[PDB]
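Engineer: So the chains spell out like this:
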Amino acid sequence: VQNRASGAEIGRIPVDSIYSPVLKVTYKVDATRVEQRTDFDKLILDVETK
Amino acid sequence: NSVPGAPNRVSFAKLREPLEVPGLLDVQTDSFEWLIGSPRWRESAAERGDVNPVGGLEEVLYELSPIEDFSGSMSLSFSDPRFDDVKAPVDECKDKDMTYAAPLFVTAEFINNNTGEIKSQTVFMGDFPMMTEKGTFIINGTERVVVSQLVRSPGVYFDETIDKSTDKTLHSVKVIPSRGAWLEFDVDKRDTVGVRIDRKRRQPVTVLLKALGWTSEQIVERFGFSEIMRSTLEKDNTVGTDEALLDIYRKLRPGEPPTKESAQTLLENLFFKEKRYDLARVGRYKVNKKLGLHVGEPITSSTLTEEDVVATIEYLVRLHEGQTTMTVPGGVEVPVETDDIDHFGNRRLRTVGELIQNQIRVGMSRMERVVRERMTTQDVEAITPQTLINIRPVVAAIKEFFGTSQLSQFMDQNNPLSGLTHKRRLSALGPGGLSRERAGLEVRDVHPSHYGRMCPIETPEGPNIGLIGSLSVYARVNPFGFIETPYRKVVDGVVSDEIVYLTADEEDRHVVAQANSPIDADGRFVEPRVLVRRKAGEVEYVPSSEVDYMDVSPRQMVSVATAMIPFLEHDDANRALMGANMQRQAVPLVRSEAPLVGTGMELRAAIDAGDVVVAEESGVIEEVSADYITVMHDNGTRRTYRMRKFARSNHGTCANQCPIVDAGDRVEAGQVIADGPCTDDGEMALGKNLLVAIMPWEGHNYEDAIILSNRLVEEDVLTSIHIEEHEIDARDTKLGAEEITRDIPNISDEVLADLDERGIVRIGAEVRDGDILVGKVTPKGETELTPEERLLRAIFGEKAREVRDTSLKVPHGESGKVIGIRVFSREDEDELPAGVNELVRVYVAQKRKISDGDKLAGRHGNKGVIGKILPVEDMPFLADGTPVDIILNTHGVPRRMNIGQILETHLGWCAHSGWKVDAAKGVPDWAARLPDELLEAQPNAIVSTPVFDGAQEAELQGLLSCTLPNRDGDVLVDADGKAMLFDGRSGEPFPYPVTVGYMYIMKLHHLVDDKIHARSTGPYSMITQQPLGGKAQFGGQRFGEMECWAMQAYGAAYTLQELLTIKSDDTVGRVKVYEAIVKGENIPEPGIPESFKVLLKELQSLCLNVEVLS
Amino acid sequence: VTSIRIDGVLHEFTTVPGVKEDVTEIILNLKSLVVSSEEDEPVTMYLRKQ
RNA sequence: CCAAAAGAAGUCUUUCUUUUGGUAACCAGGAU
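Residue numbers (UniProt numbering), protein chains in the order written: chain F, 150 to 199; chain X, 29 to 1138; chain L, 51 to 100.
Check before you lean on any hint, since a few could be wrong.
In silico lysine-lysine, DSSO-like type, Cα no more than 30 Å apart, as pairs [stated by the list, open to error]:
#1 X:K196 with X:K263
#2 F:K173 with X:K896
#3 X:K896 with F:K199
#4 X:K883 with X:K673
#5 X:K877 with X:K1059
#6 L:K70 with X:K122
#7 X:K762 with X:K896
#8 L:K70 with X:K124
#9 L:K81 with X:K877
#10 X:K877 with F:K173
No wet-lab data here; the hints were simulated from the structure.
With the sequences and hints as input, model every part of the structure.
Structural biologist: Below, the structure is given as structure tokens:
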């Protein structure tokens, strides 16, 4: 945030802000495709926070 | 490798180089210390040219002295040039706008040749700018570079040109001297041998020969082997020496009465009296070598001689006769052949010392003219050597050279590599060289004599292509200005380690093999047949018994910038030229990162450029800080190194220096002790390693466009700092008393808040366009004697208070913090330009992130502007959730023939992940000749592939097959080098694997924020009332002739009429249309442009009665 | 973190006496903090070292 | 067309009146 936008002295140093706790996310699906056509998926979701 | 603290960068090189890369700034520094005559050069010449050591200044002073009058009754002589210590250090000179220079003194001695009264004095000859330890000059505070010039050497050049009318060969010869008069001998369509002295009509050679004192018997005695010379002599029509002299006088002296003494003396004056004709030492050497006259005698004397002229004529007639070789009486025989003027045996280099010597020479010529004119208008016995010398022309010549020239330029300081490339440049254009608009295509080519001497790749891409080149890595310039290259001589089939430097002619005589040949560990080629270079650059297969020499290494034909491209031989020359030229446009970033896959040239180029701090003496670090490093030497003494923090370069970039040592470490001599702008622990680091995918993605990387992750903006990966400089000064003026103050007329207080108590803004204050940086007022002038006001001023005491605020405002499109303020003043007896009381300089700094439209690039010429910057969630990501950073298009790679980027991507992935070749039972065959300790690497390993001896395709494939898993035992990239990506925007996996890896990309200094501009209305010109030009004023875009043709072709007459009248220079139309727009009315009709009326007035001023009828 | 204020410095492009890093590097190092607050309004945390 | 000063009205800050004040040519370097 620019120093002028807020009312701040010369000694203020605005800093870029990153408010994100999550670090890395991925997933993989285990699809079962049988010959009799009763199918379904299986989502395995992996979450890593800081 | 040979630096005491360099990082461990493991190389794929198979060969071993006998010779280390020379000092890369030796051209400049060894050319200047010859000019001033340092003891270092004296020793260097002693172990080489001890026959005649003399500097440039001593040569000039010896050729100048003595200065004598016509009677010869008095003389003046100069000797013993001497320098004092520099007036101030480098840093003070750069800070205070002072030229870095040293005083020069000479010993002038005046002798009266009729009284013998000798008068010696020490004469001050001015302040002589001195070169720093980095190859630069500091003139008026700025740092400059003198470029070496490629010219044509003086000598004799024979050439043949066919004839259209007769289809006959017509030979010719040109004797081009240094600073003299030309004379050409030629054979015309009729079988006769002519002459063109100075620049006149052809005359028979017999006339010149007789004028030289040759009887018609001697001519037919020696020149009796040719029908042409007999034919010319018979039809000569001139008998008697005096008649020939008179005819030459007629041709040369227009409208003057011919005589015997004048004709006898003028011919010898033009070519034999050495005051109006010089060949130098290079010209004399070249003439003697071409004609083979004086092989033994040393070169002392620089004028022509009758022997040379007769030998030239004989050579020309025998060349026309079709002879093979010719022997001249008293000299060894030589081959009779024509010359190539683009041969690097005929083009010499005028280095930084030669150019300054030439300027001192013209200055001294002017001074001696003044001296010998002043020696006749002063009475004798009042003359002292100080009253004859006028030093002003000499110092004027130096100022003219160092301020106004096409070879004295502002140092290129975009990044450290730019300056090193600037100091090793050979430009064929300058005063005394060819011109950019008048250069053909035969001088822009790459002659086969350039091998090892001028890099064929690195050259400008514009209309300067071929006219500016760069010196190769191993090349050196010999005492005559000819470039040399080391060769490893092979004696009887045994490749020795004796390095010999050969210039292009000697390299022509012998047969040279290649560096990457199969040496068998005992200096013996494996096979008898090897590629070589024969006389005219011909490449053949000679049995390995004729070979005389071999190159000291590959990478001998490339320059510094082109030696930093990995996998250069997999890229075509067109794209490698761009890749080399775009590496010196990269901007320094806030934090630097060394490439994962380099070539090993980065460390040497970083330490030789000079932007790093290097320990002068070994010792132990005592104190470290962001501002200095204190080293405690082994013997008592201590040294403190000060750092350049956030300093502006010539091109507005940051020039930080930060230490890379701690308070207890021990350092060694020559060890890098503090990084620089674009260095990472001593190695060049111009860009960053980004994870890349080589797929087309939704058309955003279409036609050379690029897609970036938003992580590179959040994490400040491609951020850079740019600094600006603003100047203003207070000057006396005839009215007097300019002042820097806060009391400015017609200005409120809200616009006087950031200013401190005495004008200048406060440090730390952010500014926008239009804000005042330095408050200043000047007298309003118009000193007027109005009765009441003047009578109040005079006796009553009313003050003038005439003020006109010429304040310093930050120009359009600029902003940022105020980081520094430098204020000079006359009160503190600072050295300021004459008539200036005060001078204040304000520095404004910005921090710029990467954004759409900014230009990026790799090292292989794969440029492109940033098309989009995607959020990190909608990007292709690996199976473990890792997004890619950059996406490059597929259609650009195979068509441009720069497949080196794909191999760099593969090796970058291998280096990032780390590998381990499994030598469980025997090393694999593909890893047989792979160097040891390359069979395994740790993650994030730095490797190097030299330019022409690096990683083979089989080795890359093998390394890809064996590469470590990341965290869990998952290998993301298979043996082909491709990965299965997920579509972060839809979610489904992409159907086919994609190529992923790590590429080293650079941020170029072509940012959008300097390129965007718009204007509704603004300032206009004065003579013609059209809008100005440029962003800093405001200015409009130009609607040229071609854009007018386009609109005429469309048929749009009203658009074209308004664009040229009520948008440019219809003075009433502008205001009327603005009013109509703001009030919602209809746009009015245009009038007459003002430029047409200006044209009419100029035509009338040329006395032409131009009138418009009705 | 939204902004900082070092007492002896006026802007981001300067140096602190005694500190091996400069203010830009200090800010880039602080850009790796992970902190969790519980109240909406801004709060300030102090750092003092000798 | 803008800035400053003074006077008047209202709003708590705009309008009306008066005065003062108000660019080029060279050389060089780049890009497509």
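Engineer: Could you grab the alpha-carbon distance between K877 (chain X) and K1059 (chain X) and see if it respects the 30 Å cut-off?
Structural biologist: holds, 21 Å
Engineer: Does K896 (chain X) lie within 30 Å of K762 (chain X) when you go C-alpha to C-alpha?
Structural biologist: Outside the cut-off at roughly 58 Å; violated.
Engineer: With a cut-off of 30 Å on the C-alpha distance, tell me whether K173 (chain F) and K896 (chain X) pass.
Structural biologist: holds, 23 Å
Engineer: Sort out whether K173 (chain F) lies within 30 Å of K877 (chain X), counting only the CA atoms.
Structural biologist: holds, 24 Å
Engineer: Please verify whether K70 (chain L) and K124 (chain X) have alpha carbons no more than 30 Å apart.
Structural biologist: holds, 28 Å
Engineer: So if I understand the rule, the pair passes when the alpha-carbon distance is 30 Å or less; does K70 (chain L) with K122 (chain X) pass?
Structural biologist: Given that 30 Å is the threshold and the Cα spacing comes to 26 Å, the pair holds.
Engineer: Please verify whether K896 (chain X) and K199 (chain F) have alpha carbons no more than 30 Å apart.
Structural biologist: Measuring from Cα to Cα gives roughly 28 Å; hence the hint holds.
Engineer: Under the criterion that the straight-line Cα-Cα distance not exceed 30 Å, is the pair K81 (chain L), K877 (chain X) satisfied?
Structural biologist: OK: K81 (chain L) and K877 (chain X) at ~16 Å, within 30 Å.
Engineer: Please verify whether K883 (chain X) and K673 (chain X) have alpha carbons no more than 30 Å apart.
Structural biologist: holds, 27 Å
Engineer: Within a Cα-Cα threshold of 30 Å, do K196 (chain X) and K263 (chain X) meet the stated pairing?
Structural biologist: holds, 21 Å
Of the numbered hints stated above, the single one contradicted by the structure is hint 7.
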